[PDB]
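Take a look at the letters that make up each chain.
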Amino acid sequence: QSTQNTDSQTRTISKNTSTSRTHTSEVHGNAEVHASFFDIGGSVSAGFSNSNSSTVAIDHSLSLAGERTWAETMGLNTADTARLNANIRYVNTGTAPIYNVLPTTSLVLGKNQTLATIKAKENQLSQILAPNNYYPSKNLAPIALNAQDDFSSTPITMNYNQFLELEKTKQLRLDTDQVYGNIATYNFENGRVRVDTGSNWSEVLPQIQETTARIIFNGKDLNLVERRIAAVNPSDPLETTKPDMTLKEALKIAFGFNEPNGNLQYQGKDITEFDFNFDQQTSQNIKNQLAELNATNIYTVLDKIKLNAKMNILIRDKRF
Amino acid sequence: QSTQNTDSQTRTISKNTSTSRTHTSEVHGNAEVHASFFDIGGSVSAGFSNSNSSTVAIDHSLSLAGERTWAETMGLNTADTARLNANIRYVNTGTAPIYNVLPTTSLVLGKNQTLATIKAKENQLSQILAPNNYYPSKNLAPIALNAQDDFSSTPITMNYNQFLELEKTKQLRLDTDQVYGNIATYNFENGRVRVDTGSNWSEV
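If you read the sequences in order, they're chains S and A. In the UniProt record's numbering, each number is its position in the first sequence, counted from 1, plus 305. In the UniProt record's numbering, each number is its position in the second sequence, counted from 1, plus 305.
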C-alpha cells in the first residue's frame with residue numbers, strides 16, 4: 306500500500322514578436338438619380354482604392370502554475386496473497402505421557418482442498434505432554450503455527466482464489482495427520498526416567514493397536530474415554546501367551562468398574578444402565594460367543610465373554 | 306497486480322502584455338460623370354491617406370484544472386508463472402509396514418515432459434504406513450506437496466508455456482519413481498520393535 310504527495314511550482318516567461326503585411330485593392334461603384342422642381346440629373350462613379358499595411362507586435366508573459374498531486378497504490382500477488390497463522394493447542398487424552406511432541410498438522414480449505422501440511426518446528430515443539438493435559442496449559446494462550454520452513458522462516462502462504470473462498474465460506478479445518486514424540490523409559494541403574502530420541506511412539510502404537518481390544522466408554526460425564534486391554538490373538542503364537550481376558554475383568558481393571566454387592570458398577574451406577582456397540586467384526590465375534598454360551602442377554606455373561614485383539618467395544622450411557 | 310488512483314488540482318495564473326504599431330498608406334482614386342437637362346460635367350480625384358496606430362493590451366488568467374487518474378497493472382515472469390501444490394495420499398497395498406516413508410514423486414505435464422521430481426520433505430514424511438492403510442488416513446484430507454527445497458522453502462515452479470499447456474489440456478500425471486522407508490525389527494532383548502534408520506527397504 307503506497308501513497309504519494311506532490312507539489313509543483315512552475316514559472317513560465319514568454320517573449321513574442323510578430324510582423325504583418327496587407328495589400329488591399331477595392332473597386333468602388335456608384336450610381337445616382339436626382340430630381341428637383343424642374344431639374345433632373347444623374348451620376349455615375351468608380352473608386353480605385355489601393356491599400357498597404359505593416360504591423361509589428363511584441364509580447365511578454367508570466368505564468369505561475371501551482372499543482373498538488375495525491376496518489377494511492379495497492380499491490381498484490383495472486384500466489385502469495387495471504388498468510389495463515391494458526392493458534393493451536395495439543396491435548397493428550399491417552400494414558401502415557403509423550404515427549405518432544407511434533408504433530409503433523411494439515412490446514413484444509415473447504416471440503417478437502419489442503420492448503421498446507423506442516424510438521425511442527427522447534428517453536429511448536431512441546432517438551433512434555435502428560436495425559437489429560439494441554440500444551441500450552443489451558444490458562445495460557447495457544448501457540449502460533451506460522452511457518453512452513455524447517456527453520457521457521459517462511460509464512461504459510463495462501464493464493465488468491467483460496468483467499469477469496471476463505472473470507473466467503475470461512476471454512477478452515479485443521480487435520481492432525483500424525484504425531485511425532487519420544488518415550489521416556491525408566492533407567493534401572495540410577496532410577497531416572499530418560500527420553501530416548503531414537504525410539505519414538507510411532508514404533509510402539511501400531512504394536513499396541515494390533516494386539517489389544519479397544520474399549521471406548523463415556524460413563525464419566527459423557528466424555529469418551531478410550532482404554533486398550535491386552536487380549537489373546539488366536540492366530541498369533543506369541544499373543545496366545547497373554548492371560549485370558551474376560552470383558553468383565555477388562556471393565557474392572559481399565560475403567561474402575563467394581564462389584565460392591567455382586568453386580569458390576571461404575572461408581573454408583575449399574576452396568577445395565579449402559580449399552581454396548583461393536584464394530585461389525587467384534588459384533589460377529591460376540592455373536593459367536595453368545596451362541597456358544599447359549600445366553601441371550603449379554604449382561605448375565607460379562608464374566609464369560611473372552612476378548613480378542615482388535616476388538617472394539619463402545620459402551621454408552623443409555624439415557625442419551 | 307497493481308492499481309493506482311490519482312487526484313490533481315492545478316491553479317494557473319497568467320499575466321500578459323502586448324504592444325502594436327501600424328503604418329498604413331492608401332492611394333484613393335475616383336472618376337465621375339454627371340448629366341442634367343442641358344448640363345454635362347466630369348470629375349477626377351485622388352486620395353492620399355497616411356495612417357498610424359499604437360495598441361497596448363494586458364491580460365489576467367485563472368485556470369483551475371482538476372484531474373482524476375485510474376491505473377491498473379499485471380506483472381508476470383515467464384519462468385515462474387505458476388506454483389503447483391499437489392494434494393497426495395500414500396497407500397500400502399503390501400504385507401509389511403514401512404516407516405518414515407518419503408516417496409520420490411514426479412509431476413509430469415502432458416505425455417512425458419516432467420515438470421519436477423520431488424523427494425518428500427519432513428512435512429510429507431509418513432511415520433508408519435501399515436499394509437492396507439492410507440496416509441493420511443482416508444477420512445482426513447490429503448497432504449500438500451508444495452516445495453522443491455530440502456527445507457520446504459521454495460514453490461514447485463512452472464513456466465509460461467507449461468502453464469498454458471496445463472490450463473488447456475489439464476493433463477498433470479504424478480509418477481512414483483521410488484519410495485524411501487525404514488524397516489522396524491524385533492528386538493529379542495526387551496521385545497520392542499525398533500526402527501533402524503540405517504537399514505531401509507530399498508536394500509531388501
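It is worth saying that the hints were derived from the structure and are not from the lab. Each hint should be verified, as a subset may be incorrect.
[Claimed, not checked] Computed list of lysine-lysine pairs in DSBU-like fashion (alpha-carbon distance at most 35 Å, straight line):
no., chain 1, residue 1, chain 2, residue 2
1, A, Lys320, S, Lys416
2, A, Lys443, S, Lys592
3, S, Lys473, A, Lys320
4, A, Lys320, S, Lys475
[Claimed, not checked] Cβ-to-Cβ under 7 Å is the rule here; a few derived chain S residues that face chain A:
no., residue
5, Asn357
6, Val361
7, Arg373
8, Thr378
9, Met379
10, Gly380
11, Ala387
12, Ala391
13, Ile423
14, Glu427
15, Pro447
16, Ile448
17, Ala449
18, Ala452
19, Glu508
Ideal Cβ placement from N, Cα and C applies to all residues, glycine included.
Inset, instruction - List, from low to high, the hint numbers that the structure doesn't satisfy. - result: As far as the earlier hints go, 1, 3, 4, 11, 12, 14, 15, 16, 17 and 18 are violated by this structure, in ascending order.
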